[PDB]
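Engineer: The primary structure of each chain is shown beneath.
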Amino acid sequence: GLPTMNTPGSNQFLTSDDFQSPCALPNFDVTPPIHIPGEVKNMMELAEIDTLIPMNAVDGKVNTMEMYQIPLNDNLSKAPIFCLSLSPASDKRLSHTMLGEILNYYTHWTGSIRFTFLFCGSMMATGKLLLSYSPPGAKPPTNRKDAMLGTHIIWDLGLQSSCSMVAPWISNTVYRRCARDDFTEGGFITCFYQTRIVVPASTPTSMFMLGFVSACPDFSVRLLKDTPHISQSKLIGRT
Amino acid sequence: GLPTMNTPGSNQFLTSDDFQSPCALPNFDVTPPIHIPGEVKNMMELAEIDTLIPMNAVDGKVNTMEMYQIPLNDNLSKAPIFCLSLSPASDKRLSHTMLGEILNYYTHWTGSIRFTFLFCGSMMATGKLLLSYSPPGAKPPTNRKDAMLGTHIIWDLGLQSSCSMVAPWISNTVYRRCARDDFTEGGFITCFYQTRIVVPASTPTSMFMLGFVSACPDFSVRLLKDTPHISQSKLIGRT
Amino acid sequence: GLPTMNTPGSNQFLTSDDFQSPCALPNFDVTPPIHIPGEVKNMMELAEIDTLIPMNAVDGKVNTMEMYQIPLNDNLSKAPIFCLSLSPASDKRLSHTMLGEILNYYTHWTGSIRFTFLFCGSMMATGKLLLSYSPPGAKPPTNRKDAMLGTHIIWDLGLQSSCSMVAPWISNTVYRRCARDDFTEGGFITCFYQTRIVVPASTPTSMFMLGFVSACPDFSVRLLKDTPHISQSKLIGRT
Amino acid sequence: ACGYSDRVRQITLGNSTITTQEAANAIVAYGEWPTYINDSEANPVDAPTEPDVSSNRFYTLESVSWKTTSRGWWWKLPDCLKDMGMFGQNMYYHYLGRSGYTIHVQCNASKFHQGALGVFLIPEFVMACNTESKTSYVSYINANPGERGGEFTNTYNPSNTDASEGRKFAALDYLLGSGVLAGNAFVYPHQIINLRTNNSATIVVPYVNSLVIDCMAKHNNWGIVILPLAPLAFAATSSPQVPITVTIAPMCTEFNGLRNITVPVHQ
Amino acid sequence: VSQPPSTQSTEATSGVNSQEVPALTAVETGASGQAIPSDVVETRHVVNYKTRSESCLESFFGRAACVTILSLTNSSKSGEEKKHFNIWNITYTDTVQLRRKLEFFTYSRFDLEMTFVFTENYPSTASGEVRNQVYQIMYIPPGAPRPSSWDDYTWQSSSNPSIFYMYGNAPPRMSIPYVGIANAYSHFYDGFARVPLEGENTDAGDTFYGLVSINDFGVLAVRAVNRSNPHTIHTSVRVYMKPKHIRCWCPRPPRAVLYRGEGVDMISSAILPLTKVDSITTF
Amino acid sequence: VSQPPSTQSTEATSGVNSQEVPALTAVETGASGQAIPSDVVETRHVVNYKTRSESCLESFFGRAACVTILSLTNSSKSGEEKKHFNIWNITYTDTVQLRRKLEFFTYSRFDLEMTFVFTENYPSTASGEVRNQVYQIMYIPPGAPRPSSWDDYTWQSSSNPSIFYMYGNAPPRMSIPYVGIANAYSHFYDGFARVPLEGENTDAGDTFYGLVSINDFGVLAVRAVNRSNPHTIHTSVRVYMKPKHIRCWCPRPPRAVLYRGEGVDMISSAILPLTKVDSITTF
Amino acid sequence: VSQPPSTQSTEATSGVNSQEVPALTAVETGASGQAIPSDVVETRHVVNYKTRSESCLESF
Amino acid sequence: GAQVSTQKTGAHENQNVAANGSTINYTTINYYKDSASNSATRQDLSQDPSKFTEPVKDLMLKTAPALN
Amino acid sequence: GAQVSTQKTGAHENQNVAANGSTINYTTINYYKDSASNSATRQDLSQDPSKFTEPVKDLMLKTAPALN
Amino acid sequence: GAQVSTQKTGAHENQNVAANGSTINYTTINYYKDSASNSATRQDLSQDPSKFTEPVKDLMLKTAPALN
Ligand SMILES: CCCCCCCCCCCCCC(=O)O
Ligand SMILES: CCCCCCCCCCCCCC(=O)O
Ligand SMILES: *C(=O)CCCCCCCCCCCCC
Ligand SMILES: *C(=O)CCCCCCCCCCCCC
Ligand SMILES: *C(=O)CCCCCCCCCCCCC
Ligand SMILES: [Ca+2]
Ligand SMILES: [Ca+2]
Ligand SMILES: [Ca+2]
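Protein chains in written order, with our numbering: chain E, 1 to 239; chain S, 240 to 478; chain G, 479 to 717; chain A, 718 to 984; chain Y, 985 to 1267; chain W, 1268 to 1550; chain H, 1551 to 1610; chain B, 1611 to 1678; chain X, 1679 to 1746; chain U, 1747 to 1814.
Please keep in mind that the hints were generated in silico from the structure rather than gathered at the bench.
We put the CB at the ideal spot given by N, CA and C, even for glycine.
Among the hints, a few may not be true.
Unchecked claim - Label-pair ranges, simulated between beta-carbon atoms:
1. S/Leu241 / U/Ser1792: 33 to 41 Å
2. X/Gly1679 / W/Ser1416: 32 to 40 Å
3. W/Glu1347 / G/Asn621: 38 to 46 Å
4. U/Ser1792 / X/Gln1721: 53 to 61 Å
5. W/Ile1534 / G/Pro549: 52 to 60 Å
6. A/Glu868 / G/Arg674: 39 to 47 Å
7. H/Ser1568 / W/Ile1354: 54 to 62 Å
8. G/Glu544 / W/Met1433: 50 to 58 Å
Modelling step: build the complete structure from the supplied sequences, incorporating the hints.
Structural biologist: Shown next, in the form of C-alpha cells:
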C-alpha cells in the first residue's frame, strides 16, 4: 500500500469540479458525428447578435409587440424621444434582450454596447435625430443641450435606414456588476430631435423606429451565476 | 503520506467498472489452454447466422414446430402470403429468432436484414412469388400492386431452392431502438404470388416454405441492456 | 491533494493479499544467515520422497506398525494380495502418506504416482508377483486375468530387493480433484501371484513386503486449501 | 471442369464408400477437420492406440421411417456406435477415447414428394428429464439407446409418480427437449435434406470438448437430431412413408488407458 | 506554451470628414450592426488582455446541476412495499435551471456526468433504530424489463449498469457517452412520432407531437437494498447532470415565461415576462 | 495509434442483367444466406465508421451480475447459532440473468471478479443496540473441512482464502484465475459422473447425470465475526460475478423457457415462449 | 521476460528387451524409487507446461 | 512499466478516425503479480462469421449457382 | 503517457502573457479506456460571430453604403 | 526506482510461453526502508529433490543394478 494521506476537501462534491469519472457504458460505439449548420462556440457570439429592445414597455404597451415600437411624429418637441439607463442586465427593458439574458447568467461584464436604430417611417419622411450616451456622474440629460455635451451622433434619416450609436466602454472599474449597483453606474442613453421629422402631402404623420442592442468585439462577461429570470414551483415529490 | 484527496464516486460499486482487483488465489498455475473448434469473438457473428422465423405463429400453430411452416398452395389468390413488421426485437414473431434474442440484449441496432426463404414443395411444383420490404411512412401494403411499388424481388421457384430478399438499412435515425417505438419505425415485409404455384398430375397441391432471418455485415448493435425474454421467481432465502 | 477515488475492495482484508506493510521494528539488524543442511524450496520435493503405505490397515492392524506390513506366504492362491483405489488424498490408506498429507493441502493434482515395493522375506524365498494399475472405466480387477489386461509389471523377487510399478498419469481432465469424486476417478492398483512364493527346507513360510508411494517429476498440485486431517477444540477465551 | 457437379460426391474411409448423386455440398463443422492430439496438447502419457482403418470407417445404423406423423429422431456419438464393429471394441477396452466423425444422412423419395429434414449435429446435447418431481433424472440405460437412438414428440407429460417414466428424456420437438426453440437449431453445424433438392446430407465433425481426450463410456460429445421442418407429403396416400438411413464414420480415433473391457449396465 | 485569444483591443483613432460612414447601415439586410468605438468617436490605444474564456460552451455548461429529486421509503407497514423503490424517467425537464440553458440551442452533442446525493430522514415519531442503508441505482434502457416489486429478479443487473451506494460515503458519480441515436441530441422537434394516414381520427397526432413523443433514454430504478426494519425510514435521492465535451448548433431565444409540461406550452397564468416602466423617458 | 475495424461499408452499385444471380441460393447446403443490399438493389456509396465494439464477448460479459443472495442472522436466542453463519455453493445457476448469457456458449474460459454487497437490518421489534458488524467470507475448496458452528476451528483460514469486511466500507471484491481442471469451463455435459457396470440397478445413473453431477467449485462460508448481542440482527450478502479475460466456443440457442433446477429441465407450467398472432398476415 | 520451469515432460518411448532394468532397485540404500512412465511402459511425447509454482514455500 | 493506449472515441471526439491528439490516450500500470487481477482484456474486433454462416466444404461464391 | 499543459493565469500570476515559468503547468493522465470519462475538453476560444451577425450573401464593408 | 516484472499467466493469456506482450507486466516500487515490509519474494521454482530422494554416497543410475 502506497502511503497516502487525505486532505481537506476529501470526499466532497463541488458542482464546479472537473474530474474523471468511470464510464457506466464501456466501449460504447458513439454515433458518427456529422457537420451541422450554425454551430456555436461561445455565448458571447450570441451577445453580438442584434436583438430588439422593449424601449416603450409603458402601461398598455408592455408585454405586447407594441413595446418594441418607438413613437415618432411630425410635431416638433424638445422632449426626449426616449431615455434608457445603461445597465445591460438590470434595467427592466434591457434585461430581457438577448444581450441581457446572457449577461444575466454571469456576474461581471465589460465592453462597448452597440445601439442600432431602424427608422420605419415612410420613404417620404425626412428628419434628423440625435442619439447620445452620457457616462455617469452628473445630472441626467433631460434636455438636448445637455445630451449634446456628451458622446453623441446626429443621425440623418435617409436611404440608409439604420444607424448605430456606440456606448464606448467608459468605466472606472475594469468590470461592471451585472446586478444593479450604484458603484457600477452605467450612464444615460437618450434621444432627441435635431430638427423634426418632416412629411409631405398625404404622408403618415406618425410612425416608429426599432431599437436594437448588441455587444462589440471588445465585450466579455465573467463569473457564471444562475439567472433570476426564471422561476419554478418547488417540485411535488411522492413522500 | 502522499497528499491525496478523494473525489465523487469514491468507494462506490458500479457494475460496469473495469478495475484491478487483488487475486485471492496467488500463483495459480492455470490450466494449459488448447485449441477448441468453433470459438466465438463477437455476438454479431451469431447474428449473421440464418435462423428460422415463426412466421405462422397463429392460434393452434404457435409454440409448435408448425409455426415455422409457411402455408402455400395451388390456388391463385391476391392475398398476402404473410405480413411482417420490421422490428427485430419487438415483433412477437421475430423477437425470438437468434437475431432477435441477441438484439434483445442491446438497446440500439443498425444494419440491413437478410430474409431468406426455402421453398419446400415438391420438385414438380413451379411458381413465382414476390417478396417485398416497404420502408415506413405510408399505407401498409395490403395488396400486391402496392408492395410492388417498394423494394422487392420476384423469386422464381426452381433448382435453386432458396432465395434472399434484403431489407436495405433505410432509416432516418442512424440507430433504431430495440424496444417497440413509433419514431423508430421499421417498415413492412410482405409476400404475394407473381403468378401462382402450379403442380401437375398427382402432385401435392399444398406445401410450405421456410423463412429465415439473419444480419448483414453492415449490422451492429449497441448499449448492453438486460433481456425481457426470461423471468425468475424472487429467490427463496432462509431468513 | 492528488485527486484519487477509492474502488471496490477498498479497506478489505483478504488473507491471500500480498502487500507492503510498514515495519514495527525499523533498522533491525537481522541475524547473519548461515548455511543449514537440507533446505527445502518446494512442497513437491517432499512429495517425491518414498513414504510407507498402510496397505493393511485392517481391523486389529490399523493404527499399529503392523498396518504397514503386507502379508505374503508359501501357499498358492489366485486372490489379490491387496487392492488399492487410486485417490492420493481420499483413500483412508493413502491419505496419510507423506504424498497424501501434502496433496491434502491442495485442491487439484496431476502427475504419475510411483508405487515401490520391498520384499522382506528370507533371502532363500523366491517368487514372482504381478503389480498392476488399471485406469478407471470398467469392472474392477478382482482376478489376475483381468489385472493383467491393463498396465502391469511382473516383478521377480531376487537380489534386487525393491521393484517399482508406475501409475502413468492417464486421466481425462488435466487435473484431478483431491477430494473423493466420481468424475475424477483414479483407477485400480492390485497385486497377484505370477507363480507363488517358494521357500525351502527350514524357511519362514510367511512374510511381508513394504509398499511405498511417491510422486514422479511430472507431478504438480494446485489451489492451496486447508487440511481436514487435523482438528482443534474451539478455543477457550476468557470472556 | 469435366462437369464436376456440386451434387455428385463420393466418400471413402477404411473399406467403406458412400456415393450420392443429389447432395448439396457438404459441411465441415466450425470449419475444422478431424485431427489427432498434438504433442503440445497431449495429456495421457501412455502411447495411444490409433485404430485407423479397423475402426475409422462407415458404420450404418438401422434405418428409421418418416411418416406424416413422425416428429423427429435423435442419437448420440459415440454412443450410437458402441456396438459398431471394431470401433466399439477399442472404445470399450479403453478408459479414454477421442474421435471425430463424418455423418451421412440418406433419404431418397421422388420428384413428386415434399418434405424437408433438418439434420443438426449438436455438441453436448443435454435434454430435460420426464418428471417434474426430480431434476437431471435420467438413467444411463435410457440416455444411451445406441443404434436405435430416441425420437422426438410434440407433447410434454412428466411422470412425477411413476419413477420409471421419469428416468428418460423429454424429447420435446419444438424445444429440442432442451428448452430452446428448435427454430434456432441452425447455430449448429447442419444441412437440410429438402426432398425436391437433395437426398443426402454430409456433415464432417471434429472432436469437441473442454478436454483433448475424454472418457467415451460416460460422455457423448455430439448428438445427431433430425426434425421434419417440412412434413413429408405425397399426392397419393395421406399416410406416405419413406426410409431415412444414418451412416456414421469415425475419424482420427485414438485411445489411452487400456485395461479389461468395459461392459455397462443393460437390460 | 500558448497565448489565449483576447477580445478586440482598441486602436487609437481621431477625427474624420470622409464619405466613409461606418455609422450608417441597413439592418434590413438581416445583418446586425457592426460599428465600434473607433468608427464613431476619437479613441485612445488600449491593449486588451481579457478573454471570453468563461463563455465557452464547455465552461457555460460546466456545472453539476440538479435535475430531479426522487423519494422512496423503506417501511415495514402494510402498503409500504411499492414505497420501497422508485422509477425515474431520464430527462432534464424535471427542473428549469439547466433545462433553460440547454434550451438556448436547437441541437447539442455531449458526454454526461451523473452525480448522486442521498439524504435520509425519519418521517413520523418512529424515531427508532435502523442499520446503515445501501442503495442501488439501476439504469433500465428502453426495452429492458422493469422492477415489479422492490426485489424481483430485475435487480440482478447482469447487463444493466448499476451503482451501489453505501450512505455516508462520497456522492456516487459516473460518466455516460453521447448515446443519442441521432447524430446529435435534438432539443426541440417540430414533428410527430409517426404519420397518421388517410383513414384516421380527424384529431390524430394530438397524442404524439413534440420532441417528447420521440425521445426516450430509459429510466433510473432506485431502491434501498436493505430489508424493512421496525421503524420506517425515508430517503431522498437527487440527480445531478453536467454535460461535458459539448458542442451545440442553432441558437434560439431563451425561455422567457414559466414552463408548462415538457413541451413549449405556456400557461395564461404567467406570460408577462417584462415589467411596466413609468414612461418611455424614465431612466 | 490504431483504427478499430468498422462494419462493412456500402459501395455504390447500379442495375444488372447478368447470369449472375446473388439473390438465389440453396440453404440446404447448411450455409446461411449471404446476399447484401448491393446484390439486390441499386445502392449509393456509404462510408461506415460504426463498429461491433460492444458485442465483443469481453464487453458482452463485462458486468458484475448478481448471482445469489445469502442470508444469516446473528442472534442470541436459543436456536440462532446455526443462523450465525451460512454456506453457499459456488455457481451461477442461483439466478437466471448471467446464467442465460453464459448459456449462449457450450464452453467458456475466463478469470473471475467477485464483488460482495452486505445489507443488514432489524427483524422483529428488537430494534435496540448492536455494535458495528465485521463479516468473513471464507472460500472452502472441495475437500477442505467445513464449519460445524459459526466458530469452530475452520475459520482460521491458514490456507483457505478469506475476506474480512467491516460493514459500511466499500463493497469488498477480489479476482479469481481460471481454475477449471479442464482446458475450458464446460457449460453443458451430456454425460454421467461415472460408468454404471453390468450388475447394477436398471436405473443407475438417474442420480449422476448432467453437468451438475461432475462440476464442483467448493463453497463460500459466510458469517459475522462479532459475538451475539442482546437484540438479534439480520444480514443479507449478495454475490456478484463478472467473467473477465474471457473466450467461448460453440454457440447454442438461448434459453427460451423458464429454468427448472440446475439442468436443462423444463416445467409443463411454462413452456410457451412465443405469442399468438392474430393472423399470418397481421403486421 | 523469462519462462518458469515446468514439470518433466514425457518423451515418447517404446519397447525394450535389454539388461537395463529401471524397474528393479534396492530401497535399502535409503534412496527412494526413481522409475517413471518411460522406464515401465510405452509412452507418447508430451509437452508439459505446468509448474509447481504454487508449492513454493513462499506460496505455501 | 506503464503502457499507454488509445481511448474509445467519445462525444465531441476525433472524427471517428481515432487519430487526432494524445488527448485520447489512457495510461495503464498493472499493479498485481497475477494476470487474473488485470482489467478487461483489450477490445478485439476480429471475427470469422464464416465458421458459422458458411462452414461448407467446397466453397461457393455469391454470383454462382449454389448447387452446380 | 502524461500530458502537461498551461494553467489559467491566476491572481499574482504571469503578466496575462501566460508565458512565465513552468509554475503554470498542470499535468494530466487519463485513467479510463472511455473518452467520455475525461475532464472538460480544453478551453477553445475560437469563434465566428459572423454566421450570426452577418450571414449576408454579398459582403458589405463598414465604410461603404450598406445598400448600394 | 520502479522495477517491472512478468505476471503469472492467467485465463485468456499468452500461450503458457509467458512471452507475449507487455500486457503481462506488473510494476513494483518498494515504499519502506526495511526489506521486511516488502511483498512476497519472487516465485522461485528451483529445486533439488535429490537431497531427499537420493542422498546416497556412491551414485547409482536407473538402468543399473542398485546393488552391484
Ligand atoms: C447508472 C446511471 C445510468 C444513467 C443513464 C443516463 C442516460 C443518458 C441519456 C442522456 C440524457 C441527457 C440528454 C438530453 O436529454 O439532452
Ligand atoms: C474468497 C472468494 C473465493 C471465491 C472462489 C470462487 C471459485 C470460482 C469458481 C468458478 C465459478 C464460475 C465458473 C462457472 O461456473 O462457469
Ligand atoms: C513503469 O512502471 C515505470 C513508471 C512508474 C510510474 C509510477 C507508478 C506508480 C507506482 C505503481 C505501483 C507500484 C506498486 C509497488
Ligand atoms: C505516461 O503515462 C507515463 C507516466 C506514468 C506515471 C505514472 C502515473 C500513475 C499511474 C496512472 C494510472 C494507471 C492505471 C492502471
Ligand atoms: C523510481 O522510483 C522512479 C519512479 C518514481 C515514480 C513515482 C512513484 C510514486 C512515489 C513512490 C513512493 C515515494 C515515497 C516517498
Ligand atoms: Ca486584443
Ligand atoms: Ca467499413
Ligand atoms: Ca517440461
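Engineer: All hints, please: hold or fail.
Structural biologist: Going through the hints against the structure:
Between S/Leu241 and U/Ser1792 the beta carbon distance is about 37 Å. The supplied range of 33 to 41 Å therefore holds. The supplied range of 32 to 40 Å is broken by X/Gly1679 and W/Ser1416, whose beta-carbon atoms lie about 53 Å from each other. The given range of 38 to 46 Å is broken by W/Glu1347 and G/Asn621, whose C-beta atoms sit roughly 57 Å from each other. Distance hint for U/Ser1792 and X/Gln1721: a CB-CB separation of about 58 Å, consistent with the stated range 53 to 61 Å.
Range check, W/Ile1534 to G/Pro549: about 57 Å between beta-carbon atoms, so the 52 to 60 Å window is met. Between A/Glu868 and G/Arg674 the CB atoms are about 57 Å apart, so this pair departs from the stated range of 39 to 47 Å. Against the hinted window of 54 to 62 Å, the Cβ-Cβ separation of H/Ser1568 and W/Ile1354 comes to about 57 Å, which satisfies the hint. G/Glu544 and W/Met1433 have their C-beta atoms about 54 Å apart, which keeps the hinted 50 to 58 Å range intact.
Checked against the numbered hints above, the structure violates hints 2, 3, 6; every other hint is satisfied.
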